[PDB]
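Quick heads-up: it's one chain on its own, the form deposited without the DNA, in structure tokens.
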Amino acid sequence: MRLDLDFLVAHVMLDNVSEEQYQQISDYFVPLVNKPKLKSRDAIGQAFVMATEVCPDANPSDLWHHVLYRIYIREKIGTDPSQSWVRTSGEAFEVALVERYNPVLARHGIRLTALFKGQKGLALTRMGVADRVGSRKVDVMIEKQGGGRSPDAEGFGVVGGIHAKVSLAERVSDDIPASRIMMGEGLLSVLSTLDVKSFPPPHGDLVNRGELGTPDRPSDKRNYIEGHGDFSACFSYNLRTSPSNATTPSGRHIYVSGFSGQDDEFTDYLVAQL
């Protein structure tokens, strides 16, 4: 369906999203935006999971960037920076990943756990890397029934971590030292991303292409994965993201898939490695 964006007016084609489906997503999300005692990360997080269920053939990144985002900044009451999309969207992505994958991962004993700003010291210490990375480095922790280090009472040990970045245009090179230190300790360092990147009018056409280019085109971002192997693996939910070729110099790959469903390349990856 066609979206009308006011900057000057511009349009963007939202493939595999019907007028009916947009409204169903909007009827779900809007009342949650200004709901008291309901954190923005939970409102946006659950909405993303719901939206991908409603439109399983639509580009998940487009649902994030062109639907949820533009509805939020339109419906959000107040300029409170602690409730900003910018301040909360990242943690909403973490919430979305946990909600989406843990039911599938539960069977194999694999457990995800979102880490929010200020409360990841326990996670990082148990991970044994807080020593060298600081208190603001890992977004989602990966634990495993049985194996791992610093197991809780239920026998869940830390086996790795996830850097959840909505856009790779972010300070992505900032997470690379921590990721290297993680991988060196025998921990999985996954880069989960929505690969959000569109350019606004007057010069951009607002198509969410991302920042990973193509394997035929030298991209510094892509070269982190396929060149230097600074992350264990890279998972994008922007359907426009060019996946890695069969072989890469580092042996690391950029996997691309939709967000809806049961098992995918992400769960199948975590199962094998763990």
Given for the second form:
Number of protein chains: 2
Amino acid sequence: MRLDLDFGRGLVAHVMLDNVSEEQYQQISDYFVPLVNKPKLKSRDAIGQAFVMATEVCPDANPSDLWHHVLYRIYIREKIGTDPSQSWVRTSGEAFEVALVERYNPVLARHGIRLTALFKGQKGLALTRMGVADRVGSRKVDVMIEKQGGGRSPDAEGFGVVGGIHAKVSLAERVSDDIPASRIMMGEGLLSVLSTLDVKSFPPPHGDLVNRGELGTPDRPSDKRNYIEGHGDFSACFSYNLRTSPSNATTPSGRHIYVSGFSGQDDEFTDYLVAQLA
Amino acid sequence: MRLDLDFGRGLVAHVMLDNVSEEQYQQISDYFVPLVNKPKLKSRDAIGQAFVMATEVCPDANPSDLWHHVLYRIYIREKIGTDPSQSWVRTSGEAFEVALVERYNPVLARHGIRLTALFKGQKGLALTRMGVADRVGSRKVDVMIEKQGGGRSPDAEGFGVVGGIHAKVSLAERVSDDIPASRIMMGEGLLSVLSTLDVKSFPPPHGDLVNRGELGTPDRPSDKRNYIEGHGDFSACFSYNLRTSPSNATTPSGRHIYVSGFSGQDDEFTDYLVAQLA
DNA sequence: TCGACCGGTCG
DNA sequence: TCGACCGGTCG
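Moving from the form deposited without the DNA to the form deposited with the DNA bound:
Complete assembly follows, chain above in first position.
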């Protein structure tokens, strides 16, 4: 569909939403809008739940576009009683973690693998079990990966730590922060995964609102892409922006950027975890 | 004076702005407002120069409060044709660099010391002369420090690099971005100074707008104070928030947080550079 | 250009 | 809690 946007009159623009019909957009909006200001529903849950829903409604759409052009722009328009943009910052980062855990845990459960979002209070013990407590940048690990009957420092249910996920909606941040603790974890035989929506579009005046992300190409890498393909500073990177350029069949480091949708069951991400941990 | 802050939509809040009169406030406003949208004037220069002006008009006022409760607020109200908050993000960081250089270079010149803000196009050579180019994270340094007849790789006038400043209006967890660069610099025998306005106030409904900063106290440290006093991640820290608690006489790392006003001639910062570089 | 600045939020 | 998320901007 053609999505029409108003940025504060008379600045108006439009952008194409591939594989999203008007009715499908309406469907997603009808689900999401009531949740945005629902009392006692954390917006990380509202957004996370709506993203899982939206990618099921539009399994052929660019998931990053659903996040950026649909959920983001609707949230900004609809959020009440608090600054929409800064609310979005605070709630959407954790929302992505929520969506990851919700989307993947039922598929991973069959394999004894479990993701846990390290919200306030969960991180310290997790980082300790990961062997990177009080290491600079370790706080950038957002989701713990555990496997029953394996891993470091198993809990009472037998789940031990086998990796961590650095979850980032977008990549403007200093990702070099992440590297030392990531390398330490990789050295311990733990998975260190960068999971991202790779969101970035440039708005009017002179931007065309196409959500191309920030990872460049193998032929012309951004510094971020160099971290993965060149330096090998993560075990793998998964981007849910269909416009993200995937790695070549081979990379200098052997580490790859993988690109995928967010709908369905077993995907490149689940099969990656399962194969790594089997 | 009592400041009246327009939070929009008929919402008003108040905060006390010590050692600023209504008349001094108007003087600052009269200088700064016409600069906010002035053609051909970068806002980093508008804000930077207005800060130097404001601290000279109100030398007993809390510099951090002048930045946060006056310049920020006026900028947000007055900026035309572009999102005020995001414009402020993009321009105010560089503005603090501008202000540091403007305020300190006259006094430092008497001792053959010179600051230079590392704006676009300048960083590559500066890092090379520092001996830290192409190291992971080393780009996160803002203002270089040079000494005539000292330092490394002297320029045409004999000024060699002796260190750098990590300049931050506010710390949040963004100061963690500076830690790997800082450790690398100190490892190469360079001065690595954290200079900050230590801005943080909690606006209603989240607090009382008092700009207490994010460094806690020696008895009750924030994680940021631990970076400095515990881990020794910087050569020294200089805060221009009069509410920042200075370090005790001794710290575990031997590194200290110093606190001062901004306007003046010689101060703890210049004394520090002169002593370190003599 | 397009990399990287900051702060209200809310848990 | 007091930590720390993200994106329009602009040089």
